[PDB]
Amino acid sequence: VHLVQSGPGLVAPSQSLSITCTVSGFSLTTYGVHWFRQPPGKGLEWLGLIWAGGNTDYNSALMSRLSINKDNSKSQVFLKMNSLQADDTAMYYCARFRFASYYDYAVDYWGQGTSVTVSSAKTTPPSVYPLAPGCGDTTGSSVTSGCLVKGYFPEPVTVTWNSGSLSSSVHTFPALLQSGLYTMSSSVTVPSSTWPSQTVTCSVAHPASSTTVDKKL
Amino acid sequence: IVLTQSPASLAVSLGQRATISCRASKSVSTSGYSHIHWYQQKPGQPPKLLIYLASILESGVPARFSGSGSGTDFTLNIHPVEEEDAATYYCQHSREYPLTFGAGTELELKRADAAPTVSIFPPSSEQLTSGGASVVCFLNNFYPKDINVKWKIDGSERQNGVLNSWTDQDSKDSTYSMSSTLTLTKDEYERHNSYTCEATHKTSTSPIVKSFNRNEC
Ligand SMILES: C[C@@H]1O[C@@H](O[C@H]2C[C@@H](O)[C@]3(CO)[C@H]4[C@H](O)C[C@]5(C)[C@@H](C6=CC(=O)OC6)CC[C@]5(O)[C@@H]4CC[C@]3(O)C2)[C@H](O)[C@H](O)[C@H]1O
Ligand SMILES: [Cu+2]
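So the protein lines, in turn, are chains H and L. Letter by letter, the first sequence follows residues 2 to 82, 82A to 82C, 83 to 100, 100A to 100E, 101 to 130, 133 to 154, 156 to 157, 162 to 169, 171 to 180, 183 to 196, 198 to 200, 202 to 206, 208 to 223 in the entry's author numbering. Letter by letter, the second sequence follows residues 2 to 27, 27A to 27D, 28 to 214 in the entry's author numbering.
In short, the hints are calculated from the structure, not lab data. Hints are not guaranteed to be accurate.
Here are the computed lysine to any residue pairs in the SDA-like style, where the Cα-Cα straight-line distance is at most 25 Å [as the list claims (entries may be wrong)]:
1) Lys107(L) x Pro204(L)
2) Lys45(L) x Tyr100(H)
3) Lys45(L) x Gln105(H)
4) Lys147(L) x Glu195(L)
5) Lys221(H) x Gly164(H)
6) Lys147(L) x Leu178(H)
7) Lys221(H) x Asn161(L)
8) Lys207(L) x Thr198(H)
9) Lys43(H) x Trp163(L)
10) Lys221(H) x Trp163(L)
11) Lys39(L) x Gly8(H)
Using the sequences and the hints, build the whole thing.
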């Protein structure tokens, strides 16, 4: 997929992390890969670059604690981070470096990212509860439905409606850490038909636990 | 170096022009090339390159984005700001290592006031089986963002144990939506009747209200 990283989830403190970046549509023979991360809610941060010829430049800071290495044949860059601290909790993104000369280069394509939570806790799968209008009012020509996703750890979660078919009027309310666990919800508005016997479903895939439960409304 | 972005937040009506600034601690300009870049990070996606080397446009980013500047001072102009650009904006220099980002300038598109469509949801059967009860209200598609909901339980008894989450600004119409979850124990949900969700937002002195009566328990 143009650049996708896997490495993920929960990693306990002091242990090591390897996030693998898999590039597509170019090769490492000709392209550099930056690694960046984004610590929840604040700014983007550069970790390092592995240039074309297997060469590397590092953010003097993290410097000591990380290595990046490519297998050109496999189309993968790998970032090894060791002695994890809890503030390494971040979204980790790999990006393509288009270099043509010192006066024409770009960090031009970005991976989706993967969420790495450094903590001594255990993943907790979500409980998913459907929410449907129950006291019968002649709901106009549109009805709202929802899925409540409760108590999971760590982040992320993915809530899709009828596997992805409805992403029209889908609202995804962001996640709130309550007593060490996260909760979130999503609403969808479908017509008064495309609900009753059309059967709606939210499909919640909670990666770290490998939960992928579909609750039918 | 270190990059300073102003304003940190910005609201501009459509058709207007927005001007993100970014000033560096040092001349990120070697010969006639200002080594700075501009990224658009929409709400929950990876960064998209907008401009590299201060002025050059990334193919695909429309021509209402303009980058300008030399040395220390740089500027991103977006005119006409269309609804689609409600996102967060970063500038990054690459004059030296490390490759630091500036803090982000959020853009918020000003729009006409829009009042909420409140929806109220019972708990699921499945939830009650875990001994708990959640009552959910989606206050959807309003502008501005400031809204404050209240839960009224059975009489004008208010409650605490409420979870309130706001979606970011919608990119099609410039609205916001909200989720409010009152979470009770089953064993106290069970011995009460009325549950109101009373929302108060600029568009009316009158709070909007949705409410249900526990119907055949
Ligand atoms: C022809 C050559 O060009 C100029 O020097 C150049 C080499 C060197 O000095 C630097 C600063 O260290 C290089 C640096 O090395 C590599 C980069 C960090 C790299 C990356 C960008 C990114 O995103 O990831 C990595 C690509 C360009 C870069 O950003 C800078 C750009 C500023 C420059 O100043 C330019 C002078 O004109 C010089 O005298 C002449 O020898
Ligand atoms: Cu400094």
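Q.
Against the 25 Å threshold, does the CA-CA distance of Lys39(L) and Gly8(H) hold or violate the hint?
A. holds (24 Å)
Q.
Given the hinted pair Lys45(L) and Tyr100(H), is their Cα-Cα distance within 25 Å?
A. Judged against 25 Å, a Cα distance of about 21 Å means the pair holds.
Q) For the pair supplied as a hint, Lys221(H) and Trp163(L), is the alpha-carbon distance within the 25 Å limit? A) holds (24 Å)
Q: Below or equal to 25 Å on CA atoms is what counts here, so check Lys43(H) against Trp163(L).
A: With Cα atoms ~18 Å apart, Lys43(H) and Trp163(L) stay inside 25 Å; holds.
(Q) Would the hint linking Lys147(L) and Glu195(L) be met if the CA-CA limit is 25 Å? (A) holds (5 Å)
Q) Between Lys207(L) and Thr198(H), does the CA-CA distance stay at or below 25 Å? A) Satisfied, since the Cα-Cα distance of roughly 23 Å is no more than 25 Å.
Q: For the pair supplied as a hint, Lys107(L) and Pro204(L), confirm whether the alpha-carbon distance does not exceed 25 Å.
A: holds (23 Å)
Q. For the pair supplied as a hint, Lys221(H) and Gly164(H), is the alpha-carbon distance within the 25 Å limit?
A. holds (14 Å)
Q | Pairwise hint evaluation, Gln105(H) against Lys45(L), where the allowed Cα distance is 25 Å at most | A | Measuring from Cα to Cα gives roughly 11 Å; hence the hint holds.
Q) Taking 25 Å as the top limit, are the C-alpha atoms of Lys147(L) and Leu178(H) close enough? A) holds (21 Å)
Q: For the pair we were handed, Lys221(H) and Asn161(L), check the Cα-Cα distance against 25 Å.
A: With a Cα-Cα distance of about 23 Å, the restraint between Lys221(H) and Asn161(L) holds, given a limit of 25 Å.
In the structure shown, no violation is registered for any of the earlier numbered hints.
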